[PDB]
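Trainee: These are the residues of each chain, in order.
Protein chains: 2
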Amino acid sequence: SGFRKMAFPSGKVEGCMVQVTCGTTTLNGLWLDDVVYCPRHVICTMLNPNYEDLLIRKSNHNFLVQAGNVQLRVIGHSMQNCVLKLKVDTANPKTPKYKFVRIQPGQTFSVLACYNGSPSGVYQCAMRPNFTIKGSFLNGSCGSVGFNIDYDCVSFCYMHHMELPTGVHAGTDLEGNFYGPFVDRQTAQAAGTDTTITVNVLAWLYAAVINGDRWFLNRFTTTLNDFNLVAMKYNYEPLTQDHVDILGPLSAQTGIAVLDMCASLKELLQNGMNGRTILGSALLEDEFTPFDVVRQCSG
Amino acid sequence: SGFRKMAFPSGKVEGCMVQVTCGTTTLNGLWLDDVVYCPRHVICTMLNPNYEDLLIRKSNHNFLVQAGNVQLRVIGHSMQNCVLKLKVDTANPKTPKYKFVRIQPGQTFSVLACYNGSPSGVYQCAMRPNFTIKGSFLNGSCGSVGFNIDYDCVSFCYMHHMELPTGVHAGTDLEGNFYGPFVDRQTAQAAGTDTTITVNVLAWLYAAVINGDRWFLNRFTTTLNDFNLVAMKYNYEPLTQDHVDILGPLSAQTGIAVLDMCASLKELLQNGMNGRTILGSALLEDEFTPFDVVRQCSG
Ligand SMILES: COCCOc1cc(Cl)cc(-c2cc(-c3ccccc3C#N)cn(-c3cccnc3)c2=O)c1
Ligand SMILES: COCCOc1cc(Cl)cc(-c2cc(-c3ccccc3C#N)cn(-c3cccnc3)c2=O)c1
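So the sequence lines, in the order shown, correspond to chains E and S. For the first sequence, the positions run 3264 to 3308, 3312 to 3565 when the UniProt record's numbering is used. For the second sequence, the positions run 3264 to 3308, 3312 to 3565 when the UniProt record's numbering is used.
Mixed in with the good hints there might be a few duds.
All copies of an identical chain are treated as equivalent in the list; a pair is satisfied when it fits inside any one copy or across any two copies.
Said to hold, decoys possible - Under the rule of at most 20 angstroms between Cα atoms (straight-line distance), these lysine to any residue pairs were calculated in the SDA-like manner:
1. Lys-3400 x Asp-3479
2. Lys-3360 x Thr-3461
3. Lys-3363 x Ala-3457
4. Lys-3400 x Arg-3542
5. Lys-3365 x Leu-3535
6. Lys-3324 x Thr-3461
7. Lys-3363 x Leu-3313
8. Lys-3363 x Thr-3287
9. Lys-3360 x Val-3510
10. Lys-3365 x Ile-3522
11. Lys-3499 x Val-3449
12. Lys-3351 x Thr-3453
13. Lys-3499 x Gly-3541
14. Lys-3365 x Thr-3308
15. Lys-3532 x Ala-3456
16. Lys-3363 x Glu-3503
17. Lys-3324 x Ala-3457
18. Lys-3400 x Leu-3495
19. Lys-3353 x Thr-3308
20. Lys-3324 x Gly-3478
21. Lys-3400 x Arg-3480
22. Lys-3365 x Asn-3443
23. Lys-3400 x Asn-3477
24. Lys-3400 x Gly-3478
These are calculated hints, taken from the structure and not from any lab test.
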């Protein structure tokens, strides 16, 4: 038992992290096969850059890629959206089985924070409904990646590009498309107002039941439609029938109907917690997906 | 910016995890050089075991060690306190630079949860003042290890042995000595009443200041002695002058005197938070050490 903010083991991604240097700028890159992926803003000095221009003025030799202690020779460079791809002469022998995936808001992933191509730490986060992530990133972290692992396949879903003025974080999928409306320019950009991920909050309530916190349960039930009326009021995402279906296995294992759990959340939203806690939290946690809960509570 | 429950990258430990099988029991082992370390209760079937007896009745062939897909041949076995050491014919080529350390309560470490010798997830935790840890562990997790990484040296500090009836967790250092009063027997054992780690709470308050949460600061100061009187009342560990000194660099970087921050904690203990949060928490977090904060906030 127990329930922790748990990341995937990071080894398979550690073996892919490199340092990419272009002029005075250093940041991190992802070395898979004979290709190195990094934020294209590594070629900037960029209040309003034209990256087609900045890249036409570069040659392979303007890029220094360092893997461990060995320099890798760049033998070609290109742009795919907001990611720079650097072809190298040597194919990373530690390349895992992998895929690139573009995740939906509300999905979670592990982040391997890296500096100068050296991994620093690993943590879990979620793609917020407003397409930011609440990460932990210092200067030099751009190019650090987010990922999930399934069996032995690393699904890369995030590459870090920018910290916004609010201290939240924005980046791309590994094909270089930003999550959300953001662009890689040093210009005024605000995220939409964020909302709480309802289906995850419910999954975490089921995790709490699986671990013996029950003080919030009740005999009541609600209709999907009546619950959503409360959710909107408290800036929660609407719950869909597909969410209800995805919560199926947990509802079964705990014998608690999804719409029964929705009645608990209603009370907690209305009456707060009154000084008690759930899985060691004094507020409602929304960065565990239903599949995260099942993974960690029952393997 | 941002502040997360951050673990060390787990790759160097992943390359050491094996499966150890003795009879009907399977659990995890740590393969370093030509030696495999695992809980000695792998040889039990143990309401009151005599491990000297149970081990004299075993031969090398009673132990199956599986690393990846290859079986490793056991060429010798011994007991050191509560850890079984299995000498193997082949020295793990992925052995990192490493040391065994016995940590003090209040120190944090990363945990690599493993099942059948396969890493499952990584998370941070702390050694509680009562020498338990609040981990996340399912059946089969025994032998999973906790560790810190310094430069490139893995300091192993924990091996998982038991879940207590309260759902908290007990284990040993890597030389097999339990933290706390626990013994590896299926018998009534309760942990001491736990307390909150004051110096860590203060470190986390400094992290919050470094990230722009300041609503809890005040103009007041307190004496070390007066603060401890409040701490005792709220089941906080006494703060020592050595704690004050360890908080030195943070106090400086933020320009906030340790004893000034102690005045804030007093208020928060007395008046609670009144519906506001700190680093995304509605309660006082005590599983970040002063060195964790410095690592993550300023590298
Ligand atoms: C729209 O919102 C405002 C932010 O505008 C941008 C836009 C663009 Cl194109 C990029 C950036 C940005 C750049 C660099 C950088 C700069 C020079 C050398 C190395 C690095 C690294 N590495 C670093 N960071 C950063 C800092 C701390 C945490 N995370 C990310 C950044 O955000 C910020
Ligand atoms: C004093 O407190 C009560 C617990 O008494 C003990 C004492 C002793 Cl010697 C051991 C245990 C114990 C054993 C086994 C086990 C048993 C058989 C086969 C494989 C495994 C694994 N692996 C598993 N676990 C466990 C379960 C879930 C989370 N963490 C640990 C355990 O605690 C529990």
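Trainee: Each hint should be assessed against the structure and marked as holding or not.
Mentor: A quick look at each hint next to the structure:
1. Taking CA atoms no more than 20 angstroms apart as the test, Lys-3400 paired with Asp-3479 passes between copies only; the shortest distance there is 15 angstroms, against 27 angstroms inside one copy.
2. Proximity of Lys-3360 and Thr-3461 under a CA criterion of 20 angstroms is satisfied in neither setting, with 39 angstroms inside one chain copy and 45 angstroms between copies.
3. Taking CA atoms no more than 20 angstroms apart as the test, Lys-3363 paired with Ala-3457 passes in neither setting, with 34 angstroms inside one copy and 44 angstroms between copies.
4. When the C-alpha separation of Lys-3400 and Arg-3542 is checked against a cutoff of 20 angstroms, the pair qualifies only between copies, where the shortest distance is 18 angstroms, while the shortest distance within a copy is 26 angstroms.
5. Taking the shortest Cα distances, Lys-3365 and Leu-3535 never come within 20 angstroms of each other, neither inside one copy (39 angstroms) nor across copies (48 angstroms).
6. Taking identical chains as interchangeable, the C-alpha atoms of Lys-3324 and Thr-3461 are never at most 20 angstroms apart, the minima being 42 angstroms within one chain and 59 angstroms between chains.
7. When the C-alpha separation of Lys-3363 and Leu-3313 is checked against a cutoff of 20 angstroms, the pair qualifies neither within a copy, at 38 angstroms, nor between copies, at 45 angstroms.
8. With identical chains, the CA atoms of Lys-3363 and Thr-3287 are never at most 20 angstroms apart, being 33 angstroms at best within one copy and 33 angstroms at best between copies.
9. Taking the shortest alpha-carbon separations for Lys-3360 and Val-3510, neither the intra-copy value of 40 angstroms nor the inter-copy value of 45 angstroms comes in at or below 20 angstroms.
10. Within a single copy, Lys-3365 and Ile-3522 get their C-alpha atoms no closer than 36 angstroms, and across copies no closer than 47 angstroms, so neither meets the 20 angstroms cut-off.
11. In this assembly of identical chains, the alpha carbons of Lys-3499 and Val-3449 never lie at most 20 angstroms apart, being 31 angstroms within a copy and 52 angstroms across copies at closest.
12. In the homo-oligomer, the alpha carbons of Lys-3351 and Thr-3453 never lie at most 20 angstroms apart, since the shortest distance is 25 angstroms inside one protomer and 59 angstroms across protomers.
13. In this assembly of identical chains, the alpha carbons of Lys-3499 and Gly-3541 lie at most 20 angstroms apart only when taken from different copies (18 angstroms versus 23 angstroms within one copy).
14. In the homo-oligomer, the alpha carbons of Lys-3365 and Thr-3308 never lie at most 20 angstroms apart, since the shortest distance is 32 angstroms inside one protomer and 44 angstroms across protomers.
15. Within a single copy, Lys-3532 and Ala-3456 get their C-alpha atoms no closer than 31 angstroms, and across copies no closer than 37 angstroms, so neither meets the 20 angstroms cut-off.
16. With identical chains, the CA atoms of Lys-3363 and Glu-3503 are never at most 20 angstroms apart, being 35 angstroms at best within one copy and 48 angstroms at best between copies.
17. When the C-alpha separation of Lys-3324 and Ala-3457 is checked against a cutoff of 20 angstroms, the pair qualifies neither within a copy, at 33 angstroms, nor between copies, at 64 angstroms.
18. In the homo-oligomer, the alpha carbons of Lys-3400 and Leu-3495 never lie at most 20 angstroms apart, since the shortest distance is 27 angstroms inside one protomer and 37 angstroms across protomers.
19. Taking the shortest Cα distances, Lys-3353 and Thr-3308 never come within 20 angstroms of each other, neither inside one copy (23 angstroms) nor across copies (57 angstroms).
20. Neither within a single protomer nor between protomers do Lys-3324 and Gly-3478 lie at most 20 angstroms apart by alpha-carbon distance, with minima of 60 angstroms and 39 angstroms respectively.
21. Proximity of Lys-3400 to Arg-3480 under the C-alpha cut-off of 20 angstroms is restricted to the inter-copy arrangement: shortest distance 19 angstroms between copies versus 29 angstroms within a copy.
22. In this assembly of identical chains, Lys-3365 and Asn-3443 lie within 20 angstroms of each other by CA distance solely inside one copy; the values are 16 angstroms within and 43 angstroms between copies.
23. Within a single copy, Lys-3400 and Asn-3477 get their C-alpha atoms only as close as 27 angstroms, which misses the 20 angstroms cut-off; across copies the closest is 12 angstroms, which meets it.
24. In this assembly of identical chains, the alpha carbons of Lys-3400 and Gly-3478 lie at most 20 angstroms apart only when taken from different copies (15 angstroms versus 29 angstroms within one copy).
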